[PDB]
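Enquirer: Listed here are the chains, written in short residue letters.
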Amino acid sequence: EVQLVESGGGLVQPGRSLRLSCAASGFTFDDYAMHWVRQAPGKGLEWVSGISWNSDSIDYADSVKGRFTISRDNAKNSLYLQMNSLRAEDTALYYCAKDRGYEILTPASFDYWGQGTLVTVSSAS
Amino acid sequence: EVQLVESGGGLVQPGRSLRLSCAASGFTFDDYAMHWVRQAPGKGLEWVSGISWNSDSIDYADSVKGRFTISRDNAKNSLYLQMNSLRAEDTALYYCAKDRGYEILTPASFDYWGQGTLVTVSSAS
Amino acid sequence: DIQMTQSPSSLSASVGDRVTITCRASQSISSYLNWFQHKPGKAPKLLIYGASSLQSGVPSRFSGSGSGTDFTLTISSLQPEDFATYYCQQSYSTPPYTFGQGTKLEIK
Amino acid sequence: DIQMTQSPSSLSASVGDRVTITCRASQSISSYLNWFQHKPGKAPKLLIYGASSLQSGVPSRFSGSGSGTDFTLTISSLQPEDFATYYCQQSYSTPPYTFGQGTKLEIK
Amino acid sequence: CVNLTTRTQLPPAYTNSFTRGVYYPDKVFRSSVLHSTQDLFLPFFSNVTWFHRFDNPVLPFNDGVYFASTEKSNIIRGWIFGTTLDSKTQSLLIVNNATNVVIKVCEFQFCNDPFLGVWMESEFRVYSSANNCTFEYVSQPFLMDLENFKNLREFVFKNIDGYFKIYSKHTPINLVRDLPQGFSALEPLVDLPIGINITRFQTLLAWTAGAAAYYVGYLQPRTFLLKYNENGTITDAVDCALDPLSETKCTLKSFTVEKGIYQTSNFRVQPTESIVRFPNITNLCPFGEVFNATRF
Amino acid sequence: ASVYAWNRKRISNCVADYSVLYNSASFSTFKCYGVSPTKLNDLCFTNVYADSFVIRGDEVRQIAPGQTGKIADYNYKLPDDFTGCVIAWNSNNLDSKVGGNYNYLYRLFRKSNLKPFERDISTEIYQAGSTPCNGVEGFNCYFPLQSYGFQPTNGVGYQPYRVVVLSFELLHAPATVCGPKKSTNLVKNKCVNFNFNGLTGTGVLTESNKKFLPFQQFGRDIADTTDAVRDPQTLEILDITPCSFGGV
Ligand SMILES: *[C@@H]1O[C@H](CO)[C@@H](O[C@@H]2O[C@H](CO)[C@@H](O)[C@H](O)[C@H]2NC(C)=O)[C@H](O)[C@H]1NC(C)=O
Ligand SMILES: *[C@@H]1O[C@H](CO)[C@@H](O[C@@H]2O[C@H](CO)[C@@H](O)[C@H](O)[C@H]2NC(C)=O)[C@H](O)[C@H]1NC(C)=O
Ligand SMILES: *[C@@H]1O[C@H](CO)[C@@H](O)[C@H](O)[C@H]1NC(C)=O
Ligand SMILES: *[C@@H]1O[C@H](CO)[C@@H](O)[C@H](O)[C@H]1NC(C)=O
Ligand SMILES: *[C@@H]1O[C@H](CO)[C@@H](O)[C@H](O)[C@H]1NC(C)=O
Ligand SMILES: *[C@@H]1O[C@H](CO)[C@@H](O)[C@H](O)[C@H]1NC(C)=O
Ligand SMILES: *[C@@H]1O[C@H](CO)[C@@H](O)[C@H](O)[C@H]1NC(C)=O
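The listed protein sequences correspond, in order, to chains I, E, H, D, A and C. Mapping to PDB author numbering: the first sequence position 96 is 96, numbers consecutive. Mapping to PDB author numbering: the second sequence position 11 is 11, numbers consecutive. Mapping to PDB author numbering: the third sequence position 67 is 67, numbers consecutive. Mapping to PDB author numbering: the fourth sequence position 46 is 46, numbers consecutive. When you line the fifth sequence up against PDB author numbering, it's residues 15 to 66, 78 to 143, 152 to 180, 185 to 243, 258 to 347, in that order. The number in PDB author numbering is simply the position in the sixth sequence, starting from 1, with 347 added.
Pulled out of the complex, with its shape left as it was, chain I reads as follows:
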């Protein structure tokens, strides 16, 4: 019954930056961890990033280290993901998952998900 709605998707030129948001309202947001999951257009799911219940421990996927900066705002019950220096291989679909526990690297899995937002990196109209 929890809601996870995302925005900020679209089309940008390579090398440009864009930001994402994901609002949660169906549960208590101040004590759960969240992640971001990427789905390639013609491949399987792939983990990208994750943050703790409070912004202390943050981890990134190997292919996106030094480029993506995940944030969190406990007051407005929403988290953000600033995507910087995009290349041609990041035209995939992005979800906003929820962690079962409170930490980032735990045996607990992703419990609730949300509908993905579509991004595209190419030179077009």
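Hints are supplied without guarantee of correctness; some may be wrong.
[To be verified] Derived CB-CB ranges, DEER-like:
id	chain 1	residue 1	chain 2	residue 2	range
1	D	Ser12	C	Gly476	35 to 41 Å
2	H	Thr22	C	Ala475	54 to 60 Å
3	I	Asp73	C	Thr581	51 to 57 Å
4	C	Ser375	D	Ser12	38 to 44 Å
5	I	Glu89	H	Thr22	27 to 33 Å
[What the hints assert, rightly or not] Under the rule of at most 27 Å between Cα atoms (straight-line distance), these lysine-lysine pairs were calculated in the DSS-like manner:
id	chain 1	residue 1	chain 2	residue 2
6	I	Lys65	D	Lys104
7	C	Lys356	C	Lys424
8	C	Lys417	C	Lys378
9	C	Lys557	C	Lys537
10	I	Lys43	I	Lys98
11	A	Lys129	A	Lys195
12	A	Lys195	C	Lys424
13	H	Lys39	I	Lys43
14	E	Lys98	D	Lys39
15	A	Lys278	C	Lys558
16	D	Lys42	E	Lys76
17	C	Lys356	A	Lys195
18	D	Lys45	E	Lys43
19	A	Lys304	C	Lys558
20	C	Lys557	A	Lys278
21	D	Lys108	E	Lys43
22	C	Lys424	A	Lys113
23	E	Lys98	D	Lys108
24	C	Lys537	C	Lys462
25	A	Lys310	A	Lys278
26	C	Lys528	C	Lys557
27	A	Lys41	C	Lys558
[Unchecked claim] What the simulated footprint calls covered on chain I by chain H, stretch by stretch (three residues with Cβ under 8 Å from a Cβ of chain H suffice, anywhere in the stretch; the number is not a length):
id	region
28	45-53
29	105-118
Treat the hints as calculated values from the structure; they're not laboratory data. Ideal Cβ positions, reconstructed from N, Cα and C, are used throughout, including at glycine.
Model the placement of chains E, H, D, A and C with the ligands on the given structure of chain I, informed by the hints.
Expert: Structure of chains E, H, D, A and C with the ligands alone, referenced to chain I:
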């Protein structure tokens, strides 16, 4: 505080024999087991041989079976290692380890070590 | 490192059959595997957390088993709303959250 | 037979960081692993006998953990005299005293 | 807050406790029985300290407090309890202000001279900060009047096993400067389920100084014999260790004793100090020789 | 919470259902001292205390009356006359981090063993010898708190375990934590089997306007036999007189 000093190292032609000794004085030698550990010049440690507290059970490394003969002398508190039929791949560094228990093949590990002695197998001056 | 493999890729069955899908890991993970049901039109959903623990609110038709290095998911009834792609995820090794490849399931 | 692997090879840290090194075995050894500190200039020394038992006379900064097939050594303080090469050894299987490859640790 | 220094320094006075300080020890109903109980009570004919002018210094809290006051304009409002009262230890505050009875357990920041100023009540200078609040309780609102004496208010405060128990009693009095001779029972009022550590407390007083003087007593574990009337109200009690006659009354379990000889207890001398005498041997036997052995 | 700072919760005014706890298989350890678990539904409790903390797997046995050890003596002590239940279950799914979960602490050194059911929160530097520490860590200055290195790769005995202990106290107070029992209308002047807040028995109920009980819940006699009770639903005083008996 136990002392383990070795000697007999040097340079010999391939196919020749040399002997090693290792004197122990800082502990009781009549009831502990001892081993010999080889360290390649550019690789990791490798076990070679081991003897029990009394010369009953003796085991050898797979690559050195039929070539090395380890001995022991409880009276003078020293053990020996006769190296026979040396080849070009035995130019490594040899230590004189001490076993924690009294047997050869036990979960107990090597407790005290000693400074290695350098051997070389080549045709030079 | 760790590698995650999927033995089956595409399966065929009917409304009243029984289907089993196996997931294999390169190294031991000690019963730390998760199964997800990804509908092509909506957000993917989790079915089984842990080796053989079934999440609340999902039908008991799905049943998982296995431990160590080889795991398997079993479905008993195959209701016609059970078409999706299923992924197995490990949460035990240094590479965080590794996902296996898809396993398409169509009924005919 | 049995195979012994080292995930990390070269690590970098500072005087006030925390470092963890993991050792993985091909088959179960039942908590029978040993860790050695090999200084490049002197004789190597043992730190941890058994899975998580610390030898007498060494600082309590070194801490080991793990059982079954994967193991890990943790260091808390990183004093500047802690540069060496660390090896993990199994004493449970038929191939006697198998040593893993080195794990160089430099501070910068 | 505001420091008040216009206070004459006098040693504390004393007064006879007589037969004051008896409450209902439990919640069970008994009548026409003589029940023997062992509980923290105020000893009969004890030494009760008496204070006054504005006087409210720090007072210890050993095991319990018997607080008694007599006024005519409700000058006293409330009390503060605690150990350090400087945001370092958990503290209690009870205030019967003009609104209602309020009780707080939050850790405040207390000054050295907390008081209230007033006829209208305006000044509120008891505390400055409040953090890590745990418990709070408010009673029903009521209007309390701000203006020899007429009535006595007796209160008993005890803190046992994480429970703060309060007892109270209001009775008319025709005395001015003395504690009455007589007996009155104290019904329980509130049981607070709060586990505070209390060793010190201080009372509130309320620029013109009114006529206010209060007594303080202390309770200690004593055995008592209590007489319940036909209606279940305690009308008499006997301190079991006050004097040999009371001990005889305890032994006979009655308030009337006949002429004769009775046996009450035994007499035993107590030891002074302990004595230890051991051999002079000093040599550690080898448990390590049998425990740290390689081969069994 | 951590062991040295175990949390405590007050429980009162309850329709308490213990069936869900007992029938659930999620708890590895469930031991009750003084009360049989299957009868927990019928009893009525004056007040319920709940203490929660997370400990190492080897130290779950030390949470028991009359046990000695580092955690029993220095962190959490149980009285020898403890009555209640102890619940413990594995918590590797939430309290294990690959880099090490250091959010949990336990005490190593203290001056003397602590009394049962008390909390120590001070973090003052322990003085193992004679040289004063003066608030500075160093030689002869050991921090009493140590951190558990919880990791997913720990052995079965080193796995984090979540422990929740419930303590029941019964005394001369009106019970407020009862079980799920439907109340039936009372009948007077008839030998029945009454049950007033768990005070079962038998006798003849009778309207007793003679007694007052301004604040007393129950009355009693010379022996440990109740003589008057008040109806919890509607507050009036009822007398209890035993049914007639005699030889033949
Ligand atoms: C009222 O008196 C107290 C002392 O009884 C004063 O507290 C002192 O405050 C100064 C700083 O202003 C400190 O240096 C002292 O150590 C304090 N004394 C004690 C005993 O703690 C307080 O400041 C006075 N308040 C006013 C308004 O005069
Ligand atoms: C013989 O066994 C005893 C039993 O404990 C050992 O006594 C202590 O062992 C710990 C373990 O390292 C040491 O830190 C203590 O210093 C020992 N106590 C004393 C008084 O020395 C003892 O170490 C064992 N003997 C040897 C040689 O290790
Ligand atoms: C109270 O104690 C003081 C000093 O200890 C003493 O002089 C006085 O007589 C005592 N009063 C009573 C009533 O015992
Ligand atoms: C409140 O409790 C926290 C607990 O860590 C403590 O750090 C803080 O100092 C406390 N505040 C006060 C005013 O006592
Ligand atoms: C109460 O405080 C005193 C001093 O502050 C201390 O000695 C005592 O141990 C404390 N007791 C409890 C139960 O906190
Ligand atoms: C008991 O109460 C009755 C009225 O109910 C009264 O007449 C009688 O005097 C009282 N007796 C005592 C000893 O209080
Ligand atoms: C509470 O007790 C009264 C007794 O008269 C009863 O009328 C009422 O129904 C009770 N409350 C509920 C919710 O049943």
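Enquirer: Taking the hints in turn, state whether each one holds.
Expert: Results for each hint:
no. : hint                           : verdict
1   : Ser12/D - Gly476/C: 35 to 41 Å : 38 Å, holds
2   : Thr22/H - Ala475/C: 54 to 60 Å : 57 Å, holds
3   : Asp73/I - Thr581/C: 51 to 57 Å : 54 Å, holds
4   : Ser375/C - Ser12/D: 38 to 44 Å : 42 Å, holds
5   : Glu89/I - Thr22/H: 27 to 33 Å  : 31 Å, holds
6   : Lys65/I - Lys104/D             : 24 Å, holds
7   : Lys356/C - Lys424/C            : 17 Å, holds
8   : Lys417/C - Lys378/C            : 21 Å, holds
9   : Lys557/C - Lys537/C            : 20 Å, holds
10  : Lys43/I - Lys98/I              : 22 Å, holds
11  : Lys129/A - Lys195/A            : 17 Å, holds
12  : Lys195/A - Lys424/C            : 25 Å, holds
13  : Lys39/H - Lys43/I              : 15 Å, holds
14  : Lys98/E - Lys39/D              : 18 Å, holds
15  : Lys278/A - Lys558/C            : 17 Å, holds
16  : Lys42/D - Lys76/E              : 26 Å, holds
17  : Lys356/C - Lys195/A            : 23 Å, holds
18  : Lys45/D - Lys43/E              : 18 Å, holds
19  : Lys304/A - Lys558/C            : 25 Å, holds
20  : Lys557/C - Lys278/A            : 19 Å, holds
21  : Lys108/D - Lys43/E             : 24 Å, holds
22  : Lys424/C - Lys113/A            : 25 Å, holds
23  : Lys98/E - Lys108/D             : 35 Å, violated
24  : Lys537/C - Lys462/C            : 51 Å, violated
25  : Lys310/A - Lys278/A            : 22 Å, holds
26  : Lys528/C - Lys557/C            : 31 Å, violated
27  : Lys41/A - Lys558/C             : 14 Å, holds
28  : 45-53                          : holds (count 4)
29  : 105-118                        : holds (count 11)
Of the hints listed earlier, those the structure fails to meet are numbers 23, 24 and 26, in rising order.
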